[PDB]
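First, one chain by itself in structure tokens, the form deposited in one PDB entry.
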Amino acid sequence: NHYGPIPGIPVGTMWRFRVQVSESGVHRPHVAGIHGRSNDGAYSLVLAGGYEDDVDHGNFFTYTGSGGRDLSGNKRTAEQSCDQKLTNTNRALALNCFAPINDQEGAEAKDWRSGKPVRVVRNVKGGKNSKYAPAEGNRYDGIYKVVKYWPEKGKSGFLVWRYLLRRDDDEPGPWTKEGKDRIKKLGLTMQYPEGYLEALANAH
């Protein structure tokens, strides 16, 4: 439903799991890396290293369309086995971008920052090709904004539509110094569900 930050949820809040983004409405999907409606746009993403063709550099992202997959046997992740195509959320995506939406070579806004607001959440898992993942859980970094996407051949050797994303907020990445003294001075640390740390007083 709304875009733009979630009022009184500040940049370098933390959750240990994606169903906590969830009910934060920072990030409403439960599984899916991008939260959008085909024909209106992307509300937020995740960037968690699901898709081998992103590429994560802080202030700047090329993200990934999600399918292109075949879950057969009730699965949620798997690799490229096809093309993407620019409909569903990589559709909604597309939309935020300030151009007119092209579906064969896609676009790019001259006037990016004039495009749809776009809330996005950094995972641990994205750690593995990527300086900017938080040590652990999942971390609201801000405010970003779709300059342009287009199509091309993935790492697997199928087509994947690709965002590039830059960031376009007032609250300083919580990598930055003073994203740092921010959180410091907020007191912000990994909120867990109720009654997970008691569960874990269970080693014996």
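Definition used throughout: the rigid core is the maximal C-alpha set that superposes within 1.5 Å between two forms. Residue numbers count along the first chain shown, from 1. First, how it differs from the form deposited in another entry.
- When the two forms are overlaid on the rigid core, CA displacement between these two forms of 2 Å or more is confined, within 163, 51, 43, 144, to 51.
- Shown in the overlay between these two forms, fitted on the rigid core, is a CA shift at residue 174 smaller than 2 Å.
- In the core-superposed comparison between these two forms, residue 154 has its Cα shifted by at least 2 Å.
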Contents of the next structure:
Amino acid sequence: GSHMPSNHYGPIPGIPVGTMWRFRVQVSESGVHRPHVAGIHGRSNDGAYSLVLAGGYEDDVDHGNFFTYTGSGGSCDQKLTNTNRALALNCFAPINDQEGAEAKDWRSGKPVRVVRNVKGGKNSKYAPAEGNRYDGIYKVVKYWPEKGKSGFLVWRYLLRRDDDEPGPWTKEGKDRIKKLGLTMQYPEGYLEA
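Please show me the structure of the same protein in the form deposited in another entry, now that we have looked at it in the form deposited in one PDB entry.
The next block holds one chain only.
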């Protein structure tokens, strides 16, 4: 078709790792992470295409090439429905909503485009100091339920990077950002700009 679909797995053609946008509306317009609100874009019967890392859930850790991530929903126990289900399906293992699942061959799972937002900075040295940054493709290694801070069950996910483009914080990634002349994209008139 004529439309560039975000519901396609993998990188968006023309959007290299290291691309930066001041606002979420711009990330959405690029197609890299379509949802205006949702932290994950995915379909419960298919898989997850993208996610934004923006802090929240204190138990989550972000080590750049790997990170943990907590589901949504549930006040009550979280279920493997909606985007929780979508993300679980990416994992290279049959779906299990009782104990979760782990992929031995996790690189064979479905790709997730990951954008890091400034708001994840308290618990992440990899969050951009401003706006939003596309950091590449990651894969779901394992997921599992556990008791949350609330006392109710939450779904947790461990993702690992699996991308031919180097991480944008790496010397090699910084070199690409310079070569490609990537800079913070501000909307027309904002600064004004």
